Amino acid sequence: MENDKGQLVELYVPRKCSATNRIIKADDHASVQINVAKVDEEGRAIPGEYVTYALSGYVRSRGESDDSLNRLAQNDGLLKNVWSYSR
Amino acid sequence: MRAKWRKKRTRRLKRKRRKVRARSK
Amino acid sequence: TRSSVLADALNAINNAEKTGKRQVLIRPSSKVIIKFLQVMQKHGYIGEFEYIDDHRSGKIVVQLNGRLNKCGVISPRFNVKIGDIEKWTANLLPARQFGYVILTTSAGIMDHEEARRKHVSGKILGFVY
Amino acid sequence: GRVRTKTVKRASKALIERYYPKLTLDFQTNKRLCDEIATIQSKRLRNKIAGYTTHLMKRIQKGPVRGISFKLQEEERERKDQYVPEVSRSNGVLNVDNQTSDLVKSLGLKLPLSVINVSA
Amino acid sequence: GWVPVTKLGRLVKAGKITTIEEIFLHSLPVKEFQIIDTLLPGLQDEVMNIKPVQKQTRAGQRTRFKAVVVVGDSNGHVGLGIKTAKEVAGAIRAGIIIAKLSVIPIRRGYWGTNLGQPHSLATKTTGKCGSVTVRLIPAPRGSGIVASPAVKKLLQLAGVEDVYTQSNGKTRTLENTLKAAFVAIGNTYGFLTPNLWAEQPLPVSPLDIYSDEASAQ
Amino acid sequence: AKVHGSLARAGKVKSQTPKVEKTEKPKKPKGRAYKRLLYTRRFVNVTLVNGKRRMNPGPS
Amino acid sequence: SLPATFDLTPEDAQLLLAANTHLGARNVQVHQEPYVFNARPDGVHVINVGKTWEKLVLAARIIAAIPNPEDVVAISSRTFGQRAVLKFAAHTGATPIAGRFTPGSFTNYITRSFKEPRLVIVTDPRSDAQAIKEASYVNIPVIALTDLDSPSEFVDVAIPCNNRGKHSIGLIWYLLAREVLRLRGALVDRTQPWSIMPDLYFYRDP
Amino acid sequence: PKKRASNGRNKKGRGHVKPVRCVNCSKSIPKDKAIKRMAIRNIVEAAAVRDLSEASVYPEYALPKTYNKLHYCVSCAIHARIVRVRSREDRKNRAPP
Amino acid sequence: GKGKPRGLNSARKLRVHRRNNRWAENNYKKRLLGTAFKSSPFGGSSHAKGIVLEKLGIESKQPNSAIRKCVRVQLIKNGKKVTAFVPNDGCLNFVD
RNA sequence: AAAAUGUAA
RNA sequence: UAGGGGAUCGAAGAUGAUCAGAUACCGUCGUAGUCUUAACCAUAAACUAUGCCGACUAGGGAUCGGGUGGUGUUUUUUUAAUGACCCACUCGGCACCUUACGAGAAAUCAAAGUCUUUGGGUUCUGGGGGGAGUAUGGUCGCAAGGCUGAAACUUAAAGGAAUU
Numbered sequence: 001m002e003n004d005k006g007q008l009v010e011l012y013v014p015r016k017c018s019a020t021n022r023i024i025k026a027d028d029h030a031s032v033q034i035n036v037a038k039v040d041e042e043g044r045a046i047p048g049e050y051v052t053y054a055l056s057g058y059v060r061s062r063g064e065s066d067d068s069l070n071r072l073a074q075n076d077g078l079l080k081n082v083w084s085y086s087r
Numbered sequence: 001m002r003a004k005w006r007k008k009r010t011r012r013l014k015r016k017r018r019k020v021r022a023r024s025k
Numbered sequence: 002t003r004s005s006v007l008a009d010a011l012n013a014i015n016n017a018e019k020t021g022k023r024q025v026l027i028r029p030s031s032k033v034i035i036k037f038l039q040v041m042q043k044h045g046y047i048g049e050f051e052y053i054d055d056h057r058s059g060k061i062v063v064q065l066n067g068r069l070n071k072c073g074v075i076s077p078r079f080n081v082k083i084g085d086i087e088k089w090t091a092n093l094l095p096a097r098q099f100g101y102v103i104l105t106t107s108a109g110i111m112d113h114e115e116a117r118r119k120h121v122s123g124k125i126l127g128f129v130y
Numbered sequence: 002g003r004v005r006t007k008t009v010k011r012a013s014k015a016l017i018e019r020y021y022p023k024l025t026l027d028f029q030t031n032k033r034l035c036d037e038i039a040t041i042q043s044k045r046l047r048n049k050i051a052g053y054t055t056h057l058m059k060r061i062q063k064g065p066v067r068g069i070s071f072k073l074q075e076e077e078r079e080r081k082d083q084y085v086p087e088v089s095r096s097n098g099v100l101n102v103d104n105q106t107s108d109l110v111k112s113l114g115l116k117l118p119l120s121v122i123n124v125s126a
Numbered sequence: 034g035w036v037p038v039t040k041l042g043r044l045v046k047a048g049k050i051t052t053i054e055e056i057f058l059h060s061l062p063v064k065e066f067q068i069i070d071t072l073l074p075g076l077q078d079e080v081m082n083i084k085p086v087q088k089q090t091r092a093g094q095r096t097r098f099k100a101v102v103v104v105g106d107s108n109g110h111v112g113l114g115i116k117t118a119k120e121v122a123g124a125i126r127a128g129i130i131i132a133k134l135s136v137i138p139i140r141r142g143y144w145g146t147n148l149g150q151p152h153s154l155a156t157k158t159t160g161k162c163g164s165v166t167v168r169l170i171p172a173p174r175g176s177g178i179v180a181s182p183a184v185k186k187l188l189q190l191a192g193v194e195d196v197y198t199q200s201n202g203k204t205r206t207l208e209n210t211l212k213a214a215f216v217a218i219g220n221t222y223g224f225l226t227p228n229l230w231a232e233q234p235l236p237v238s239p240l241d242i243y244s245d246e247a248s249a250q
Numbered sequence: 002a003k004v005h006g007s008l009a010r011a012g013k014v015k016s017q018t019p020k021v022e023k024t025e026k027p028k029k030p031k032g033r034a035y036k037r038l039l040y041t042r043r044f045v046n047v048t049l050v051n052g053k054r055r056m057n058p059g060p061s
Numbered sequence: 002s003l004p005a006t007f008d009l010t011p012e013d014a015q016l017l018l019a020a021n022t023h024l025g026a027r028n029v030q031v032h033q034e035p036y037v038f039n040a041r042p043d044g045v046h047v048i049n050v051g052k053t054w055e056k057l058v059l060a061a062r063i064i065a066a067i068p069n070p071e072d073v074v075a076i077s078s079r080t081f082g083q084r085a086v087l088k089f090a091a092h093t094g095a096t097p098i099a100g101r102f103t104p105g106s107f108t109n110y111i112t113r114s115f116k117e118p119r120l121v122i123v124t125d126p127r128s129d130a131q132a133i134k135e136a137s138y139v140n141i142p143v144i145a146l147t148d149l150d151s152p153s154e155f156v157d158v159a160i161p162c163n164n165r166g167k168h169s170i171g172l173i174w175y176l177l178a179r180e181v182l183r184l185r186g187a188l189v190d191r192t193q194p195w196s197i198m199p200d201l202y203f204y205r206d207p
Numbered sequence: 002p003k004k005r006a007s008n009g010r011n012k013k014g015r016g017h018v019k020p021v022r023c024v025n026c027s028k029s030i031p032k033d034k035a036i037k038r039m040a041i042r043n044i045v046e047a048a049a050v051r052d053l054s055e056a057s058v059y060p061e062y063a064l065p066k067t068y069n070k071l072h073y074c075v076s077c078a079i080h081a082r083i084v085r086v087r088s089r090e091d092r093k094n095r096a097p098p
Numbered sequence: 002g003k004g005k006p007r008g009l010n011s012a013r014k015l016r017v018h019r020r021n022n023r024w025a026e027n028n029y030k031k032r033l034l035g036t037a038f039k040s041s042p043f044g045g046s047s048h049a050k051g052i053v054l055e056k057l058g059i060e061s062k063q064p065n066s067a068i069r070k071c072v073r074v075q076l077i078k079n080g081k082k083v084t085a086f087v088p089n090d091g092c093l094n095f096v097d
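Protein chains in written order, with the authors' numbering: chain 21, 1 to 87; chain 91, 1 to 25; chain 22, 2 to 130; chain 17, 2 to 89, 95 to 126; chain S2, 34 to 250; chain 30, 2 to 61; chain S0, 2 to 207; chain 26, 2 to 98; chain 23, 2 to 97.
Derived from the structure by calculation, the hints contain no laboratory data.
Hints are not guaranteed to be accurate.
Said to hold, decoys possible - Simulated pairs of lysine-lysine, DSS-like, Cα-Cα distance not exceeding 30 Å:
| no. | chain 1 | residue 1 | chain 2 | residue 2 |
| --- | --- | --- | --- | --- |
| 1 | 30 | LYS13 | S2 | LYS119 |
| 2 | 17 | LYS116 | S0 | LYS52 |
| 3 | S2 | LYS88 | 26 | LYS4 |
As the list claims (entries may be wrong) - Here are the in silico distance ranges between beta carbons for each label pair:
| no. | chain 1 | residue 1 | chain 2 | residue 2 | range |
| --- | --- | --- | --- | --- | --- |
| 4 | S0 | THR112 | 26 | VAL75 | 47 to 57 Å |
| 5 | 22 | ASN16 | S2 | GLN199 | 20 to 30 Å |
| 6 | 26 | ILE79 | 23 | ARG7 | 17 to 27 Å |
| 7 | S2 | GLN199 | 30 | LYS3 | 45 to 55 Å |
| 8 | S0 | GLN15 | 26 | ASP33 | 57 to 67 Å |
| 9 | 26 | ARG5 | 22 | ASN16 | 45 to 55 Å |
| 10 | 17 | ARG78 | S0 | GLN15 | 46 to 56 Å |
Claimed, not checked - Not everything, but these chain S2 residues come out facing chain 21 in the computed CB check (under 8 Å):
| no. | residue |
| --- | --- |
| 11 | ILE50 |
| 12 | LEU58 |
| 13 | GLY109 |
| 14 | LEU113 |
| 15 | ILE115 |
| 16 | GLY142 |
| 17 | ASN147 |
| 18 | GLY149 |
| 19 | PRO151 |
| 20 | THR166 |
| 21 | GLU208 |
| 22 | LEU229 |
| 23 | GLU232 |
| 24 | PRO239 |
Note that beta-carbon positions come from the ideal geometry of N, C-alpha and C, so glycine has one too.
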């Protein structure tokens, strides 16, 4: 989204679903962003160290936010085993 | 009205004019 | 019966993105459907596929992302005359900057702009975006 | 008909929840108690407030009252929350089946095995 | 005399967010009308038409007033104001308040070129309502807003210039014609386009970092 | 219905009305001069910013 | 990311067996819940205790990840977990709403029940279907303690519990507080017994 | 319009049934599309029961019962019988109570 | 398909049913049937002439209550006696 | 069990 | 149509009451008929008012037929063996429950979904309502009727779902 002389034209930049690659728009009142704080030594989650996860409004309308939850959580290292891809 | 009665009306009316056309043969 | 095999593979794919699938499965697959999977893959619409080999027709499990929205077919196989390409872009293509109409030519299964450089023509397959 | 309305239950409720450390089952004191804390308009009106609360005082002396409290009873609730004085882990250890026997065999420890019969 | 409520309303009365783009960015909803005005001073009006809606009673009748008003400006901001009040005057004032609670941004670029300044639309989008489908097609500069008299002045206060429209069904109805257009422009940002196929960091919410000052008293 | 009614009123009300004529009214220019007076008498010095617009108001 | 010693523990797991939180459901088993450790015959199932610790420690990363620890709603439909939700907001500082929920606690800012949350918690996702729609119109995280029967409609995290009642509700919220302090709080290590009593939670008669 | 997915009372899987006769007016009604209730009562009333064990012999006697099945025609079950109709969502109820 | 043949060689099938469905038109029917060339007081014309047969007084219907004040005509190219409507206020004194 | 009807206001 | 049979109910008809009238609704008798043999007639709110095949989008339980497992039970003479039932699973099914992000005028329907993000293959019909499924010819039929199927003229409504 630009023009002949470069520059970023057309205001406003919407988000996107990290589980469905489906853009997050404002008319969705059912999309939830997760804020998982990254803990280190002696615990301490840190007030500014979080991991964001995109789970759209349609995902909640079916209850599938739990499937890609284990999916998106397992590969980053917060879920020791638990879920299995190969089924 | 009931169209079952409208089909009984025309039924006898066609049969009536059928024997009247046979009076010319 | 089973007439257009390409239209059936796209069938399971239409409702696949309507749910948010990360995978799909086609059947029974032909040579034509193979070169079309490479068309979307070539521009970055879908991902890579894996054709499972069996002693029948065949099956392909394509791993899709979420960039693809609508994948359809144009039945039957229509005759194009170079002028049909510049009219069909306004026949169903969402934009004038993006979108590809793939068809069948003698030199291979490609789109209108690639067939533009080589002035090639033949029949028609489907639409992509 | 002769039934209490909105302003009756409403007003009788306010007085009892903020001035409970008083009151009795007497009419001449509960009536003059309405005259010592708040302000009214007429007498007949004031008489109805007092009569409905002597009715409520009789149900408060019998334990719990439906819809009313003042924090004093939440502490009273903690006292009578411990019953039993005997217990109902005493009889044997674990009463199971043949199917529940294979269950302990896969994950547990302080849960022994005992077989039954069952007819499906 | 504004003084709102919630963390959302107090972080706007504090001046931590002067852009309405932050609202639409995190998909967060609206609750107060006066908040959308502290972020959008240039909001203009345009009343379409009022049609008295009647209801029967054990005695006779009792008609109200169905005022169809819209808001927004020449940029990308529009408002949907549906109101049913006792009087025509009350339906005008309270109908504008409702139009603020339903504000949404619109997408439109060029017909097929890339020069400068979005003139036309982006893609083929549509919105339905009851039995009225309204498709939006991109048009070249120099043309005009091609549609009905009502949907024409609607897109005028939408910020767009060139457009085409094709309907199917019963369209003589102001409500469903314009309610389906409110849907067509809402789907402008609901269809994946190549020039927007890069992954975004998806920033942390303002009411998270500013959730320290707007909590309580 | 009635196939044969009464035709005594062929131009009844037409002539039973009073006789009033047209006086010689002020001259109005033709063409370009005429549209010059519409441009001012509706936009420039306007008509009346009372509610909306009137070219044929009331008795006030 | 992984902590340090927040892995598999013999003491933590044997206390979950004294809670009966490993007992499964019956004829019912909702599709999205294939978290079993052997199918128990006679119409029953089993719950993986290691994968259940995972659910509790994850949603807890979202608990202490909220700015002010007071805007956390602790809803309870079950009378069995009413004193349990009162003790959770009593150690962190959140807001408990046990008993009557009332439509207008997330919406309708005119009432004294309305509170703007950043994290929501539910006991029984079946009967609390009203608190489910509340958060689904304002963009806020939803937690639910399901078994195998309760449908996970509009929820983010669905932990495998025992909503049947008994002592299962008081066991869950007990370890939830011990975790909001282990990671940024008044906690120290793993060899920490915690002075608090679990028999203060649970249902007490009458 | 159509208010019941069964129209009257079931008709899926066959497409024809033998019509029986109403017991009150005796109007021919389809087998499955008719109403029949259990009349699992006693021989007498709740009073003349001890009067029987008074005149009869044997120890305490026995006391018999009588079962029956009443067939109606919808018009009969409403005149003052098994009906009282229902509301929109309450019509879909399938429990005896 | 949805009720139709997308057949390359079934071009005539589409042509067959099309003509039969055109007969359902009130405008197409009257056009190719030459309705004016048969009956209709106007045989291919928009203007015609007749002769006054007599002076009538036909009235109106609902939701009204009044008279129409009419007359009678007669085709020259045909010979068919007809009836016409007299416009304006009166002017029956100029017909005859 | 029986118990119909409605002039331009 | 022609034979046989022909209890019962019962178009017609008869008849006592019923109504102002009663050739209806109520009672009673009873011709054809209701059954079968050989020919016909070929229309039904003949409906799931939903044509035929093909694929996918849903959580689950019932339930008929075949199938596979279970150191499950019943039969006992005896471990048996089958047969019966239970539970897991499965195709062809007969339907249902809660939703449907979908579609739909609405009611609603896992189809009436995959329809402006417009095409799997294919059949037949309607194009405001009347007039009128009427006319003429034709055509099958013993007849009744069936099949195909108009015109003149008329009118701004007919109509469908749903809220008060």
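Now the hints, each set against the structure:
Proximity of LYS13 (chain 30) to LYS119 (chain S2) is assessed by CA-CA distance (about 49 Å); at most 30 Å being required, the pair is judged violated. Only pairs whose Cα atoms come within 30 Å are accepted, and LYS116 (chain 17) paired with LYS52 (chain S0) is accepted, the gap being roughly 21 Å. Straight-line distance between C-alpha atoms of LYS88 (chain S2) and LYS4 (chain 26) comes to about 26 Å, which keeps the hinted pair within the 30 Å bound. Our hint of 47 to 57 Å for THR112 (chain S0) and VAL75 (chain 26) holds, since their Cβ atoms are close to 50 Å apart.
Separated by about 27 Å at the C-beta atoms, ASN16 (chain 22) and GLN199 (chain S2) satisfy the suggested range of 20 to 30 Å. In this structure the supplied range 17 to 27 Å is violated for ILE79 (chain 26) paired with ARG7 (chain 23), their Cβ-Cβ distance being about 55 Å. At roughly 53 Å, the beta-carbon separation of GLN199 (chain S2) and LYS3 (chain 30) lies within the given 45 to 55 Å, and the hint holds. The hinted range of 57 to 67 Å is satisfied by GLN15 (chain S0) and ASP33 (chain 26), whose Cβ atoms lie roughly 60 Å apart.
A beta carbon spacing of about 32 Å between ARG5 (chain 26) and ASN16 (chain 22) contradicts the range 45 to 55 Å that was offered as a hint. Taking 46 to 56 Å as the suggested C-beta distance range, the pair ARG78 (chain 17) and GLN15 (chain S0) does not conform, at roughly 32 Å. With a cut of 8 Å, the hint placing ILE50 (chain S2) at the interface with chain 21 is violated, because the nearest CB-to-CB distance is about 14 Å. For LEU58 (chain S2), the shortest C-beta to C-beta distance to chain 21 is roughly 7 Å, which falls under 8 Å, so the interface hint holds.
With a cut of 8 Å, the hint placing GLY109 (chain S2) at the interface with chain 21 holds, because the nearest CB-to-CB distance is about 7 Å. The closest approach between the C-beta of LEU113 (chain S2) and any C-beta of chain 21 is roughly 12 Å, which is over the 8 Å cut-off, so the hint fails. The restraint placing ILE115 (chain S2) at the interface with chain 21 is violated, with a minimum CB-CB distance near 16 Å, outside the 8 Å limit. With its C-beta approaching chain 21 no nearer than about 6 Å, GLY142 (chain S2) sits inside the 8 Å limit, and its interface hint holds.
Hint status for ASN147 (chain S2) relative to chain 21: holds, with the closest Cβ pair at about 6 Å, below 8 Å. For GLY149 (chain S2), the shortest C-beta to C-beta distance to chain 21 is roughly 4 Å, which falls under 8 Å, so the interface hint holds. The interface hint given for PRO151 (chain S2) holds, since its Cβ lies 6 Å from the closest Cβ of chain 21, which is under the 8 Å cut-off. Violation of the interface hint for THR166 (chain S2) is found here, the shortest Cβ-Cβ separation to chain 21 being roughly 19 Å, above the 8 Å cut-off.
Using the Cβ-Cβ criterion of 8 Å, the hint placing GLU208 (chain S2) at the interface with chain 21 is not satisfied: the shortest such distance is roughly 19 Å. Restraint check, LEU229 (chain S2) versus chain 21: the minimum CB separation of about 7 Å is within 8 Å; hint holds. Here the hint on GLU232 (chain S2) is kept, as its CB sits about 7 Å from the closest CB of chain 21, short of 8 Å. Checking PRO239 (chain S2) against chain 21: minimum C-beta separation of about 13 Å lies over 8 Å; hint violated.
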